[PDB]
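One chain comes next, on its own, written as structure tokens: the form solved without the partner chain.
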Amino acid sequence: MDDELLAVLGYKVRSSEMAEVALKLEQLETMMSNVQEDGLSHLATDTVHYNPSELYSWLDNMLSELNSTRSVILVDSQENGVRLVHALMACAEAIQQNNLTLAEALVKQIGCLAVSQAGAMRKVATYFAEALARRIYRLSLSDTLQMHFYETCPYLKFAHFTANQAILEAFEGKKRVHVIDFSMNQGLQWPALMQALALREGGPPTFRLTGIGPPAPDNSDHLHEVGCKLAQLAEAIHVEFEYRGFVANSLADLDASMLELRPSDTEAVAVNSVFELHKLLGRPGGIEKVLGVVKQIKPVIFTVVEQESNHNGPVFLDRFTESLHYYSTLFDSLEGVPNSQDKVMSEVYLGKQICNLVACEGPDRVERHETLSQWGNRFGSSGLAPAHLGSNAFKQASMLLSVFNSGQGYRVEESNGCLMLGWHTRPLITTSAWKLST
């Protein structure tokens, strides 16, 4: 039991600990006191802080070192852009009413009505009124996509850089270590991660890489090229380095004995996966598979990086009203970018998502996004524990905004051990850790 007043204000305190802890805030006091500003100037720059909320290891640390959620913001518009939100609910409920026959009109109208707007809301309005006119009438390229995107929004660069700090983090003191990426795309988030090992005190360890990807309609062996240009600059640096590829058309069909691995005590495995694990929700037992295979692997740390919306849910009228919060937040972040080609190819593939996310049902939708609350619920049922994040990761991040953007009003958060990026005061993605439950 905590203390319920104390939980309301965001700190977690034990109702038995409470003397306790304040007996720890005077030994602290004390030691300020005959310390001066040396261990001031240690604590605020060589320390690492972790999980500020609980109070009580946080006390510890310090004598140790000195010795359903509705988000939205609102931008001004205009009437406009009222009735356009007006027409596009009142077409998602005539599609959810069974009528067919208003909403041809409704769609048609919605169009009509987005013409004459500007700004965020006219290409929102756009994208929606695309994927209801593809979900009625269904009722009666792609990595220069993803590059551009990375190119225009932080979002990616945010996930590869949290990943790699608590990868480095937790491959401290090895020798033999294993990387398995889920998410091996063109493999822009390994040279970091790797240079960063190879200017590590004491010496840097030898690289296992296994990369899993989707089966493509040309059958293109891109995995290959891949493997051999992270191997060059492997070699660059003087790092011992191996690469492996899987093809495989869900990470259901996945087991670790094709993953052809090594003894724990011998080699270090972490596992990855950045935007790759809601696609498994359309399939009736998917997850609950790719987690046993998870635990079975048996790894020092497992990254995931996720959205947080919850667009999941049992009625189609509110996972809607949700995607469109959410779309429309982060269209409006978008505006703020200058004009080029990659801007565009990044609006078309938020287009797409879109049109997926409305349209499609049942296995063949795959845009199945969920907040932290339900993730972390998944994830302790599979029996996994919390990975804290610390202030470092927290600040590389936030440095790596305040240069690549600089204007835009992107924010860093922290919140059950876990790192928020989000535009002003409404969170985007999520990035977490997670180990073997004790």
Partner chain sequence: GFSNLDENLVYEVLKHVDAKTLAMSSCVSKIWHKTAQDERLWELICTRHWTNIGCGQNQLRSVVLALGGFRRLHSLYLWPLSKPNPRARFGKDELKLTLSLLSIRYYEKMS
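Here, rigid core means the biggest group of C-alpha atoms that superpose within 1.5 Å across both forms. Residue numbers count along the first chain shown, from 1. What changes on going to the form solved in complex with the partner chain:
For the residues 98, 257, 219, 232, superposed on the rigid core between these two forms, a C-alpha shift of 2 angstroms or more shows up only at 219.
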Contents of the next structure:
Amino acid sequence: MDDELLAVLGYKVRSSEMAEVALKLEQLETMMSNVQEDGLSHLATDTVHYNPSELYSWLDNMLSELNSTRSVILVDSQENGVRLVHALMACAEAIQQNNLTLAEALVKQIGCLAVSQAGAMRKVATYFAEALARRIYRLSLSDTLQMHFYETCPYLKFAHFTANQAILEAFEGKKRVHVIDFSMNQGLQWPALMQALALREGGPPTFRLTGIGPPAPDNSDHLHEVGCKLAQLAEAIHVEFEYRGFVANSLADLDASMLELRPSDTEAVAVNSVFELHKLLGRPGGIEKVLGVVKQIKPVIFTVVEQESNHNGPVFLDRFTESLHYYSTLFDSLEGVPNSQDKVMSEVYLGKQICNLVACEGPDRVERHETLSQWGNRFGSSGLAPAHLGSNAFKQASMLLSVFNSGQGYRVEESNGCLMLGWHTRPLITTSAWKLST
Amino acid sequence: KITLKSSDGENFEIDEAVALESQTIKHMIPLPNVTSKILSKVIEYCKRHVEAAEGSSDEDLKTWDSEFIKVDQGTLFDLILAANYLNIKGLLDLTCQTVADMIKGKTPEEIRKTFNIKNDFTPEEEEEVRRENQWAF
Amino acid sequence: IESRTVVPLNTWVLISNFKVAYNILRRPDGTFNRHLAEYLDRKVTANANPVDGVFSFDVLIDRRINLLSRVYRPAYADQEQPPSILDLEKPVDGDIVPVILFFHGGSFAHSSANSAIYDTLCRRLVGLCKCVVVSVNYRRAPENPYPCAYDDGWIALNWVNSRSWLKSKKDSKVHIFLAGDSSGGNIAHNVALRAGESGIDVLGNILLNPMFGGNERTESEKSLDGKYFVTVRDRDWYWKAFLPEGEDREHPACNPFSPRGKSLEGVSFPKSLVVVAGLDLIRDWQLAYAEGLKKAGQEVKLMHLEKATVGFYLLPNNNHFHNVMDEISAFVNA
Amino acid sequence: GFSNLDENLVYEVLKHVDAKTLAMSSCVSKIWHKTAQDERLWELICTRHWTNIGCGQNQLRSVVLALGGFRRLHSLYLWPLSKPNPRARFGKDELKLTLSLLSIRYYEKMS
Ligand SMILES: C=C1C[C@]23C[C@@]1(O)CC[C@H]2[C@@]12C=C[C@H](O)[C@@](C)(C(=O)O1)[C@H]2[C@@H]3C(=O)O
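Just the form solved without the partner chain so far, so send over the form solved in complex with the partner chain.
Once more the chain from above appears, this time first in line as the rest of the complex follows.
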């Protein structure tokens, strides 16, 4: 059992390990008294630190080297925002009360308020009313859209670089590697990983890639097209390459037999998935079948990037309330971004997300977001122990938020061996890595 | 003991080990290119560096270089020519550091005016070269 | 060997861990390892669900400088369901309501309002004093040396004084108590000076081990040097990082009673509650500050604890914490 | 008569400047422009403030020239990183970030 007075302060120290931790602190104090400035500089710049909360392990590393929560942020607004939120909360309860007569007037009422309103609240009100408008009537481009989300918002670049570091660290010491991308999309994560293996000390391995994509008449060959361009890059840096595309309606339609896996000792396997597992919660039993296949693959790492929110509640106005706060923060972050066609197409990308969130039901609704606490419960029951992220990944994400984003207030924080990207103090997304429990 | 004869024809005498500092001379003396004044300057430089070869002395030699480098534009041009011709690493490096310090100057008008360099950029190319290096401006 | 018998083991572990981490994070040429400092910092997030009678929410006070504050309020006893977004800025019911404006310590370089040690302190202040707290997130040194914190405090105070939902029904006014810890005490003193200069009427001032110094070496610095978690070397490092270029430790931001400073005679100042630790490396400076308050014609209640080190208020396992909290509650509800 | 310097002499002179000075002189004239694009000068500039990376200069030079070169590596990402910390020396993670950005840009512009 931990020390409650210290666990409140953010440190997981056993009550029976106090003496050992104090003794190691004494030993560390003496060592830094002896080794002095050069040793301290070594400890600062040549070390990667993992899980600062566990004091025992952090001190051991230093010694061995020297030898439901509702987070809300209120931005400046006007009372018309309160009137808008009052109108928005009026229609959601009226449409939930089976009124369907006051809702038509209330939906019209929201429209008249939005025009007077100015700022980011006008955009959120317009998109929520439209999804509220044609929810009433239900009881009575894509490739360029995800592209426009890359050069405007920092969530995709954060997801790629932070997951690459976890995969890169687990691949050291291996001669043949194989990565499976559940979110292949257009292969924007992998060009950066291939170069890092080229400059790896000891020699690059044989890199094999296998992508899985949603069905389409063109996406069957679009995945083939993607591997055509990645094969051209793997030869300019002298890396052995291999590729194989997939077409599948849902990740639940997969099995380990058709992935064509060599023995894991011969080829190391790393599974990747970015913004994909939340689309699987609409199908009953989907998430349990996929997580039973990843265990069948027996990889060395499985990196998951998701959205930090609770948008999968069993009560409609509960989902409506949380989603309105979360998408209010997102539209507040984009308020200062200079106006561009990438920015315009980014809101349409998110507008389609709002609209599917409240208007649809059953398998048609795919935006079943969950928090890391809920996500960690699913992975833990499968048998996936956490793999902690270090300060090297933290540093790159912090400098990433400094090249493209300058004045916007994005921050990175560490929690439970994970990394979070948020606006000021409000978390938005989380990156976690997992390994089979032994 | 070796005699080098320059464009002036005067047989400047210098010690063999001192003359060995020039790789071209060591490998092979009409010397039709190097003028008498520049040959004298290279002889002085080689003599001083041989005395140094045969810190407080390091900084004294450095300030002596600083004093010797104080020469006009044509003299620096000829020194670069002679250093490249006679394959002397130290003299070429010193004159190069001097000109590099000189070109650590202002906007391109200043560089093109002090060196009398005449640019003929076609305005598409002038503007494009200005934009492609906009980070510096 | 000497600090082990004066504090409990958990407090010793916490302070020693902080000291060794800050030792690692300090570089001799005057630069700070910001990325590793932020990676090692333990933080929390705001929660609108009342836990133990307290709930919190963040407010973006300023966007140009990214100035933020966290508001702690007692749970609405009249209602049963948890508060909504509109219920957050609900007017207070009560004849008199005091609001505490808190500044956190860290020697102008460490910690934040989101830290797990100052969030706990603010929640305990709300629970014990029966008030509302506003915790400011000011800029830090050496990236933002001076006077960035003294401007963040002024902006936060100007914001707090304007909240129509924080007014009291007795006189249609807001009753503000400035509170500071460590360097927060320094910020509190300077912000109280600025508020007294202007029309804002601060009623009280609370200082917990305020950070003041000087050129000369007092007897506590010589006698107590490295004995209890603090050395003069890192004190001088932090003063060098915070202060402007080409200035000594006699700058008024370091010593308020320097000849270059300003006189506190004929000056309206709030009543002060100064808590001075005994086993502190800079105890003499704090006692001199209290004496300079007493001899300037102002009011001050000095609380000198003989066997108190730094950070006694971060854990509720000592008598000093209980005595100080009782005195703060009596000072506030007066 | 520095106005009619040949390529080798211009390169010799320009080995002793920094990024600002080289990118400044690159707008002097056409021959200065041609000599300023040289890969060796920009490799020297990029490696000048690194002082800590190691994998072998051959591998790094080959990879960086395959993906766009050192001039792009400096202009696009290295200079913005050096803008707020002019005195700081880039270590290991800065190279990892910058080369990853170069790889991404090469893949995007490939089609
Ligand atoms: C370098 C420092 C900073 C200390 C004193 C110390 O010498 C070592 C311990 C630091 C500290 C740790 C956490 C708190 O933020 C602090 C105010 C405290 O009480 O103790 C911190 C305190 C301080 O801010 O003065």
